[PDB]
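**Student:** Listed below are the residues making up each chain.
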Amino acid sequence: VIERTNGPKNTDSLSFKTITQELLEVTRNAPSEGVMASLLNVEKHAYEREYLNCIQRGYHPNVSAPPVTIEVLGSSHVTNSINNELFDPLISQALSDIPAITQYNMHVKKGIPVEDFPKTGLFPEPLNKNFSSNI
Amino acid sequence: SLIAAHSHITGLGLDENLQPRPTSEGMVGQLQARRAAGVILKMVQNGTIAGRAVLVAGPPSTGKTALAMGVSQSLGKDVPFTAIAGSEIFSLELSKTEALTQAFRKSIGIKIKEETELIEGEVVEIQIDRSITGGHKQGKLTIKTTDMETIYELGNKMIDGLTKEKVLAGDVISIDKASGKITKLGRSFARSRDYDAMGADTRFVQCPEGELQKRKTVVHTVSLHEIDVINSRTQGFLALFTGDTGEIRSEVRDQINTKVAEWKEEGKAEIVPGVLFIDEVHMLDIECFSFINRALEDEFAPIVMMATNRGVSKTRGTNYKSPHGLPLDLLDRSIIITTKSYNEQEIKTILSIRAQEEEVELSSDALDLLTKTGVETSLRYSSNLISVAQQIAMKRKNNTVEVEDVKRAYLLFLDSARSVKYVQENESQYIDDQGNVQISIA
Amino acid sequence: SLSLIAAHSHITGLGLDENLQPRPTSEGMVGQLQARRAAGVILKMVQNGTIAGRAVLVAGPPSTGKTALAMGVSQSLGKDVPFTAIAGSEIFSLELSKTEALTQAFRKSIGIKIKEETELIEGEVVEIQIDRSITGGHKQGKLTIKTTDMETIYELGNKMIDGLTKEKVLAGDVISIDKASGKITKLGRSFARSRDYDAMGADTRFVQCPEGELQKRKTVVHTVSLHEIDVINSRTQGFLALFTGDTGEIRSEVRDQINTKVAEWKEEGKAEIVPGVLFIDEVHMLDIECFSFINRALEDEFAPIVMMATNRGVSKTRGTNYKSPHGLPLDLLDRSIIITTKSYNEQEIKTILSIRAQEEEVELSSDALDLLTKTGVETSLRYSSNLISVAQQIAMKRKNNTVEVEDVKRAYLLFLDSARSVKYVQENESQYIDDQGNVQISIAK
Amino acid sequence: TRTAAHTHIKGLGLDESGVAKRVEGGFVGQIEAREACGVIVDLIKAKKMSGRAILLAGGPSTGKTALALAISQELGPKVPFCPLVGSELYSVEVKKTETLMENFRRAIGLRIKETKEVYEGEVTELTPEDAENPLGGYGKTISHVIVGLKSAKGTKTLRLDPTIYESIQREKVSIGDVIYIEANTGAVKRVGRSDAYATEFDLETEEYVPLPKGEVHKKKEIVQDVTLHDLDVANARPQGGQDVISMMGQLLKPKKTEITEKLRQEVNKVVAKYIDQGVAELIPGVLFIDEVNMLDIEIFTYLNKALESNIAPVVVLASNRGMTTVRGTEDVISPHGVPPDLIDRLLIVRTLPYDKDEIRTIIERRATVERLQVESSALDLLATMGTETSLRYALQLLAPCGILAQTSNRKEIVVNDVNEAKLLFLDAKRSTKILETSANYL
Amino acid sequence: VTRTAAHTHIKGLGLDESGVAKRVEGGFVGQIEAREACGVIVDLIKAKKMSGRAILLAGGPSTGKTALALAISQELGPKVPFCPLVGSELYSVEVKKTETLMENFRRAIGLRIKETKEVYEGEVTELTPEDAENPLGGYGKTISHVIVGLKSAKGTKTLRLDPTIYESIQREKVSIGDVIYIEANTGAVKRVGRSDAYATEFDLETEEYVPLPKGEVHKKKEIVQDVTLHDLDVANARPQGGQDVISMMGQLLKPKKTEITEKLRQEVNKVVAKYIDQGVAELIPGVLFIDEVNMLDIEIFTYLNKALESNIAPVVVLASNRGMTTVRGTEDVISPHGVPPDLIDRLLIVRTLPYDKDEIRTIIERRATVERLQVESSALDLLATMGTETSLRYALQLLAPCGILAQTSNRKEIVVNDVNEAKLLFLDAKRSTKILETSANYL
Ligand SMILES: Nc1ncnc2c1ncn2[C@@H]1O[C@H](COP(=O)(O)OP(=O)(O)O)[C@@H](O)[C@H]1O
Ligand SMILES: Nc1ncnc2c1ncn2[C@@H]1O[C@H](COP(=O)(O)OP(=O)(O)O)[C@@H](O)[C@H]1O
Ligand SMILES: Nc1ncnc2c1ncn2[C@@H]1O[C@H](COP(=O)(O)OP(=O)(O)O)[C@@H](O)[C@H]1O
Ligand SMILES: Nc1ncnc2c1ncn2[C@@H]1O[C@H](COP(=O)(O)OP(=O)(O)O)[C@@H](O)[C@H]1O
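Protein chains in written order, with PDB author numbering: chain Q, 1152 to 1286; chain W, 18 to 459; chain Y, 16 to 460; chain X, 22 to 463; chain V, 21 to 463.
If you're looking for bench data, these hints aren't it; they were derived computationally from the structure.
Note that CB positions come from ideal geometry on N, CA and C, so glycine has one too.
Hints may contain errors.
[Claimed, not checked] Just some of the chain Y residues that point at chain W, by a computed CB distance under 8 Å:
| hint | residue |
| --- | --- |
| 1 | 344 |
| 2 | 345 |
| 3 | 349 |
| 4 | 443 |
| 5 | 447 |
[Said to hold, decoys possible] Cross-link-like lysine to any residue pairs, in silico, SDA-like; alpha carbons within 20 Å at most:
| hint | chain 1 | residue 1 | chain 2 | residue 2 |
| --- | --- | --- | --- | --- |
| 6 | V | 99 | V | 124 |
| 7 | W | 414 | X | 66 |
| 8 | X | 31 | Y | 317 |
Looking at chain Q on its own, in the form it has when it is part of the complex:
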């Protein structure tokens, strides 16, 4: 999922464009006051009609707990493997974002282009600001 690349495919193949993705890709950059744009934008209109971006949070959990620690006495390989699994840099980078000045540092001051940046900004957006945390 993380390093999925949308490469081009040759047309001479058995794969088609069914009507579902023939409707899906049109409304990616479509504006408002359109027919087919508004016929596929039911969810956003229902979001902004009911004033859902100024609502309050009603439920918070009672107990929050980290995953159960596994310990092996006298082996650094276990600690390295557990730290690699719990804090894997690819998925942790995918769920986070690089700071802007850091991006300017590695792109301009170091010459690294855009396409070999690590993938970032894949965390889902919460409903409000109020739903972003349990506190």
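With chain Q fixed as given, assemble chains W, Y, X and V with the ligands onto it according to the hints.
**Tutor:** Frame of chain Q; chains W, Y, X and V with the ligands shown alone:
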């Protein structure tokens, strides 16, 4: 949106003293049932009592669903009316009690007061600063009216709303602060230099005057089930549409109940109860009735209405027979409205109203023949014959249904009793209950 | 291929002439002249390919040759024609409806034919020089491919530069590039450079250096069933569903659009339709809902020829409470054509047993073959067929090559058929667990 | 070509403003059922009614499925038609109520007209023009982008917005490619390299589209046809986003889910809004449920609920049972296996068996459709055999007769050929006689 | 004014200080022996010593069974966990019924914990990261540290964070000029809002404006928390709230019930016993109330026999209204109240009795004066005779249509004619059965 079965009923047809008129608002006859339903309607409109069960019983084709449609039509806007059939409870991803809990909680609305600020003006200059990968976005907006001019600040979603429906520094927009909606009213500057990267034909509006920022109060209604589904997990708003809300835990419902009482205490929100209508209630398990017996005693419970057309039939999930197919403990805590069968004058008035609904011209003799065949056979058959006779009469290039068209429609399309007789006369040609049939005609 | 000697592996086609007249003993089939002629008619109807949606039922007593006849039809049908063989118990799934499983079985048996032209350039990489412009928008590559006999130099586009800088080759890998289309593959590493790196690596393999011409021309004909297209056009990466079976109730819109595009491709001339046969062995244990779906599903032009086999008498159809002939409802039997098989005589049993003995490389005497024929007349046929194979091992333990009468008698004593087992149970019923669970384990009382 | 049990049936053969004649449209006999289906076809073409159900019943091999397919052929390919079997509603993913509702919504079509303005052609020049007064700390401030387009008999130079440049760089458009520029949004895309740029380079394996025809500026009026179920599954399935949940779900098995009533209500109201603007057009269709005796009583009760909806299509049902118990009950003897509450809501059309000459004409038409030549005496023997055993068994035996005739290098079908085919292939009665007179488990 | 629903005239058992019950007190009328037995049970629960004591309330319909359990819950107070239940709710489609029963068992044992928190808070003044030497090295993040300057009232601190804390901070979308709240127990960060030290009226994203937090930046505060054992079991079975990958992806996938193993419950018991041993926690056992216990089948009853004998189980209250019925899931077992005899041997049955005319009349009086209605005396006697003739609940539920019919005639008092009109318009079970028997086509 189309001409349906109950499309001719708009209300209940009652006075201020709750006395039913003999023909009003598309309903004829049935004065006691209409009066009782009006009492139940006033009982819902007062909103001071909860968890009352009303049972509507009678023979088939009598007007139970018509009465429920009249109640829902006269209930008015923004009051919830959940109408389900009895067989929708049995699901593959939800237990019966969970589906019944969701159906109960869909019929209680919460009316929330909100404070918003409306900003309308003429756009002077837009500055948008984004990072290299386009993740972090911030900027400043300079908007103005004829009197004032202010420089604002923008966030991520404001910039995303400005990038869509692209504003070009001279368009007149209106912003709602609490809703976060961008509306482009039109273009007022009418700039001279235009490049051919745009094809819109934006209207000429005037620059607004007066105050730039105004204060407004808005009111919207949200049901309890939506609040539960939203607070259940991270992406519950999509599950409000996809139906992927699998067995919400009880702690969520307890905390939502406490929060709703807290909102009622502060004057922010108020509770508007509604009606849950369970049509064909005899198709329910014994466990559903056992759940309903205790779900009716809660504080947040709507007015439950059930309808059935069964006599002393077998209760589902058991091995005995009960009146109306419902067990006696549920029937103890319910109030029964009984409907009566129809006369011939009522049947003639019903057919005349249904003919006027379908926009069909009828003669006197055609209406009399339809009344006679609706007395002999069922009412619904003679009601169904009207559109078929209209099409047959339209085939002969005249827009008036005559007796010959009704006779042709009666000849072409069969009744229940005529079909039963034709089956019983030639029972070898049909597949029996033992699966035997003579296909050869010799 | 990977196979041992199966139950009927001696059968290679139906033994018919050019006039659809069955020879008495040819191509591994003995007897059953009318059934073999009927199966030849069905085979000709399949090979014509203009008739769709026909149901053929093969009915007979057990051990008569129904699935042997289906095996003969499957062998004489030829290659690249789809022949799906399922049992009746396979459609009762947990993650699939019976209707959907029957649709997937129906669409596996009709396919299309696609031919394509390949211009492969397979060789060993010598040296790749990557050159870029001052602006950098144009990229040229000096490719030095080499086979055993010769070596030439090509100029690569920027898309080849991008496709080779991913899964990078290291000047001595074996690659093949299609000239017409541009398919890029890395076959592995050459055997000549297998001694310089002192350790293998996680994702490498050693292939031989190709010989002959560098550029080769070849046409390939592909046969794709409709079910493959349905699985592929339903998801982002669908071949995993082709190999793991997690398709999960494909919708109807994709099937309708695939039918429309297959029809328009047949109109354009790119593809042509290859119909096939679906065989449902032991059809009697299907539900009544499956029978109704089979009734409605035979009326489409994209339907194969369905062959069913039943050995039931007048039994009870599953899902109901009545009885019907062959365990099938009467409206399905109306939509059907019945081929009847008949039980064998002594001569056919003798010839079948000699054929099965020749298949298993077992040498029988005349007296042993006569005794096995007598046993197969008295008992069933499969009992004698299994007695052959165990008598071979009994005679092999005796340091003898040919199976004699004594080995057959010893194999008859050591192994029982159904009748003697039924007698031995019925005369000693107190020691076996009954229907009520009553048993007497103690030997004294 | 390729024929399968049908395709000799083209329409109903009724003349205008009149009755059905004897042999027309591949139909022989069945005059009253054909006239009734013509009246139903006219009612569907009127496009006003909602939830009208008919049921056509008769013995096996009478022409119920033929009449339904004739209705679908007479309506045309613009009107939606959803064929179905009653056994298809039992799924293991969602409840049968949801499957029935999905098949209900699949039968209502929508016709949308739209105007598209586009720019396309080969790229001749691409220069981002520098600004007059650049800003400090930034490289290459752009004021406009000059793009030159060239197509067949046309060449036009465009001036674009500065913000099209990162979409140009994202699509990696170079000089010589073919682009596709929407008017209002920009939103370029690489169609492919021009086919005139294939020969200068030996190994360049991008696709090579031809140079597009006509001018670079064109206003094309497109018409797109969708159903309401397509809109429902487009709105429920979340749009192309960047969160890990959407990209996770795109690679997984597309599991069906219970679509809520809220999404259907919102889709209905936005469709009604755009219809009232005069842009869209609603096309109701036919849902055909075959072999309805396989349905359960829960599905029958939900059908009773759903037939009174506002947007239900015309439902056509077929059955061949007599007095049979309803599935899922114990003691409800009902005509055609259909419970009486559903029987009251529909009209019944009766289909009658045929005669000797009708069987002969049907056999003759099926022979002349399959491109076969039959002698007259063989036709008489086949008609007698079809009267003796079954019409369908006489129809199924034509192709083996043709094969046995072609084996003897003949074209005409001879009496000895049909004698040989009758000897080789049995029917139900002779096989039952073999079964009853044997004791070898056959 | 308020909303009334079938209850809420009941506030408690209405007992004396010595356990004797007044006849009309606490909203109860009659049922003296059952109220005294429930008071003894309430004292047994408040003793907080026993485990797995189970009673059963038996009697006919409309006799006061669920009212006694609700009165028990009101007498115990809100600090004791009370878990109402219906016997049909144990049949789930996600997990087996045994696990649902054990979850509802563990949901009825509470816990009060005095825990402490480590808090960094203040207004953000600076936000500067330091980059790594090799950003594309594959191992390790882009940044190495982030310098964060926090300013509170009479204080200013400078913090140096790892990328792990900064990832959650930037997930909270923290800018310069905001007031944040870093909790060091879990790494959770809450963005309180914009500071009020700057301008207010130039925003467009409906924020809130917060003063500077008092005290120092680093703090230690005590919070009293009330949790159950099931909360700990659920939070450990599906981990969320950490900053690792596993707990972060656990918040995004769809939640689902799972069969919690016995080992996890044993470990949670060990940790809770350790917390109690330090004098931090305190155990509060509660009540599990299973109404309509005849809906259970033999497997749940057989597991209930095992689950009552554990050393942690709460007090279970059951209710049933069957005489001698067959147990569900069996064919031949006929037992009193639909409860098998091995479970009946472990119970203590409390009998409930029917009412009389006087008790019905005063119950109707109490329900009328709760619902803010004014009833005449003759109408009261007519309703009492109606209640004895047909049902108590039918007489109770006819009060509001009578009030509506009185109000629609511009009147406040309920009179006899309103009761006669409500008799005409609305029916009961016996008259409906009488209509059903003498009818043509299955009315
Ligand atoms: N009083 C009435 N006014 C208008 N229509 C009526 C009336 N009574 C019955 N109908 C018609 O009868 C049908 C309702 O019958 P039905 O829904 O079967 O009642 P029930 O379900 O209670 O038996 C509808 O078509 C409705 O139009
Ligand atoms: N005509 C035949 N020629 C050769 N072998 C046969 C023939 N008929 C049956 N057999 C053999 O009999 C065995 C069982 O017959 P089978 O095809 O299973 O019949 P059924 O399916 O009716 O039981 C098979 O091993 C097959 O090889
Ligand atoms: N009136 C008719 N004219 C021509 N063909 C007919 C006629 N009636 C039936 N048939 C043929 O009979 C065959 C079987 O009829 P079908 O409609 O399948 O029976 P059923 O109504 O039991 O489904 C069809 O292939 C159809 O072509
Ligand atoms: N002693 C009492 N005092 C006041 N109200 C009572 C009394 N006993 C029963 N009720 C009322 O009668 C009804 C009885 O229902 P409930 O006790 O919940 O279950 P059941 O119907 O099984 O007895 C309740 O609504 C309750 O308010």
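**Student:** For every hint, state whether the structure bears it out.
**Tutor:** Structure-based check of all given hints:
1. 344: 6 Å, holds
2. 345: 6 Å, holds
3. 349: Given a least distance of 6 Å, the restraint on residue 349(Y) holds.
4. 443: Violated. Min distance 42 Å.
5. 447: It is violated, given that the least Cβ distance between residue 447(Y) and chain W is near 37 Å, above 8 Å.
6. 99(V) <-> 124(V): This hinted pair holds, its Cα atoms lying about 18 Å apart.
7. 414(W) <-> 66(X): The given pair, whose Cα atoms are some 16 Å apart, holds under the 20 Å limit.
8. 31(X) <-> 317(Y): Holds - the C-alpha atoms of residue 317(Y) and residue 31(X) are around 19 Å apart, at most 20 Å.
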